[PDB]
Each structure stands twice: as C-alpha cells, then as structure tokens.
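Undergrad: Below, each chain spelled out in residue letters.
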Amino acid sequence: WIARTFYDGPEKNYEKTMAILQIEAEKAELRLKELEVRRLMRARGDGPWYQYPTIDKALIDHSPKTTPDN
Amino acid sequence: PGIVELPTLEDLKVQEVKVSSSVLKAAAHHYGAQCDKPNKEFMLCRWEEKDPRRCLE
Ligand SMILES: CCCCCCCCCCCCCCCCC[C@@H](O)O[C@H](CO[C@H](O)CCCCCCCCCCCCCCC)COP(=O)(O)OCC[N+](C)(C)C
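Line by line, the protein sequences give chains a and u. For the first sequence, the authors' numbering assigns the number 120 to the initial residue and increments by one for each residue that follows. For the second sequence, the authors' numbering assigns the number 2 to the initial residue and increments by one for each residue that follows.
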C-alpha cells in the first residue's frame, strides 16, 4: 500500500537518470568545445569573436589632391 | 627592397624656356589658350601615372 500510494516504479527513476546524464554530458562537451573555440578565435582572429576595429575605407578621399603624387 | 630606377641625365636634356616670371605672367593667358592640348595631355598623364619618370616625353 505504501508503494502504491506514495512511490513509483524503478523504471521512472532509471530513465530520468539516463536523461539527466545525457543532458549534463552534452553540457560538459559543449563547455570544453567553447573553451577550445574561444582559444582558437582569440589566437587567430579569423572568427566572429575578438574582431577588433580598424579604419573604415569609406573615409578615404579619392580625388585629385592638388599634386599628382598625392 | 629593390633598386630605384632613375633616368640618365641625357634623358632629362631639353631646350629650356629661359624667360623670367614677369614675361611668363604677361603672356600667361594667350599661352594657356594656345598651348592647351600638350599641357593638358601632360597634366592628365601626371595625375594618372603618379610618377615623374612616366611623363618625360
Ligand atoms: C497502520 C498503518 C501503518 C503505516 C502508517 C503510515 C502513515 C503515513 C504517515 C507519514 C507519511 C509521510 C509522508 C510520506 C510521503 C509524503 C510526501 C510525498 O512522498 O507524498 C506525496 C503525497 O502526500 C500525500 O498526498 C499526503 C500525505 C500527508 C500525510 C499527513 C498525515 C498526518 C496528518 C495529521 C493531521 C491531523 C489532523 C489535524 C489535527 C488538527 C506525493 O505523492 P504522489 O506524488 O501523489 O505519489 C504518486 C505515486 N504514484 C505515482 C505511484 C501514483
């Protein structure tokens, strides 16, 4: 009666633990991958992150400058 | 990083205009009206090549 009224079968806890383990293992893998990706982008600078600004090329004046040799 | 190429002193010989600035200013307007085509050719070459060594002729 106690088991019927208050508790649940072993399979429920078993499968819930499987799901929790899957979720947290995926999270750990994603954390390692994030660290590696951050290191690579900061070292190289070829990704969307760590893009430090440079001078805009639309600021340059392309017109004769009173002197042929600029 | 490379050797600069300079024309020989023979390439720079020309019979120069030996008149003073007052003479040039007195005749400047007619000179500009008459000698427009060669002068404009040289100036266009000068701003387009951006190099004295490409504009001697
Ligand atoms: C002769 C009898 C011998 C045995 C006596 C046993 C008496 C039991 C009293 C102590 C029980 C402690 C509580 C244990 C469980 C409570 C918490 C939780 O586990 O139970 C909840 C349920 O709790 C109960 O609904 C309520 C328990 C409250 C007990 C109160 C008893 C004392 C009350 C005293 C009041 C006095 C009167 C007021 C005087 C002013 C959730 O259960 P639920 O998730 O649904 O279960 C679903 C199971 N399925 C999935 C298989 C269907």
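Calculated from the structure, these hints are not laboratory results. One should not assume that every hint holds.
Said to hold, decoys possible - Cut-off 20 Å, straight-line C-alpha distance, at most; resulting in silico cross-link-like pairs (SDA-like, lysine to any residue):
1) u:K51 / a:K146
2) u:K26 / u:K41
3) u:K14 / u:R54
4) a:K184 / u:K26
5) a:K184 / u:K14
6) u:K41 / a:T185
7) a:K135 / a:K146
What the hints assert, rightly or not - With the C-beta cut set under 10 Å, the calculated list includes, among others, these residues of chain a facing chain u:
8) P172
9) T173
10) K176
11) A177
12) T186
Unchecked claim - A short list of chain u residues far from chain a (calculated; beta carbon distances all over 12 Å):
13) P2
14) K14
15) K19
16) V20
17) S21
18) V24
19) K26
20) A34
21) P39
22) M44
23) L45
24) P53
Backbone N, C-alpha and C fix where the C-beta goes; we use that ideal spot for every residue, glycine too.
Undergrad: Each of the hints needs a verdict: does it hold here or not?
TA: Going down the list of hints, with the structure as the test:
{"no.": "1", "hint": "u:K51 / a:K146", "result": "violated, 61 Å"}
{"no.": "2", "hint": "u:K26 / u:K41", "result": "holds, 19 Å"}
{"no.": "3", "hint": "u:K14 / u:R54", "result": "holds, 14 Å"}
{"no.": "4", "hint": "a:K184 / u:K26", "result": "violated, 25 Å"}
{"no.": "5", "hint": "a:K184 / u:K14", "result": "violated, 29 Å"}
{"no.": "6", "hint": "u:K41 / a:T185", "result": "holds, 15 Å"}
{"no.": "7", "hint": "a:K135 / a:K146", "result": "holds, 17 Å"}
{"no.": "8", "hint": "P172", "result": "violated, 30 Å"}
{"no.": "9", "hint": "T173", "result": "violated, 25 Å"}
{"no.": "10", "hint": "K176", "result": "violated, 19 Å"}
{"no.": "11", "hint": "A177", "result": "violated, 22 Å"}
{"no.": "12", "hint": "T186", "result": "holds, 9 Å"}
{"no.": "13", "hint": "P2", "result": "holds, 20 Å"}
{"no.": "14", "hint": "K14", "result": "holds, 22 Å"}
{"no.": "15", "hint": "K19", "result": "holds, 25 Å"}
{"no.": "16", "hint": "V20", "result": "holds, 25 Å"}
{"no.": "17", "hint": "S21", "result": "holds, 25 Å"}
{"no.": "18", "hint": "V24", "result": "holds, 26 Å"}
{"no.": "19", "hint": "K26", "result": "holds, 21 Å"}
{"no.": "20", "hint": "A34", "result": "holds, 23 Å"}
{"no.": "21", "hint": "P39", "result": "holds, 16 Å"}
{"no.": "22", "hint": "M44", "result": "violated, 8 Å"}
{"no.": "23", "hint": "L45", "result": "violated, 10 Å"}
{"no.": "24", "hint": "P53", "result": "violated, 8 Å"}
When the structure is compared with the earlier hints, violations turn up for hints 1, 4, 5, 8, 9, 10, 11, 22, 23, 24 and for no others.
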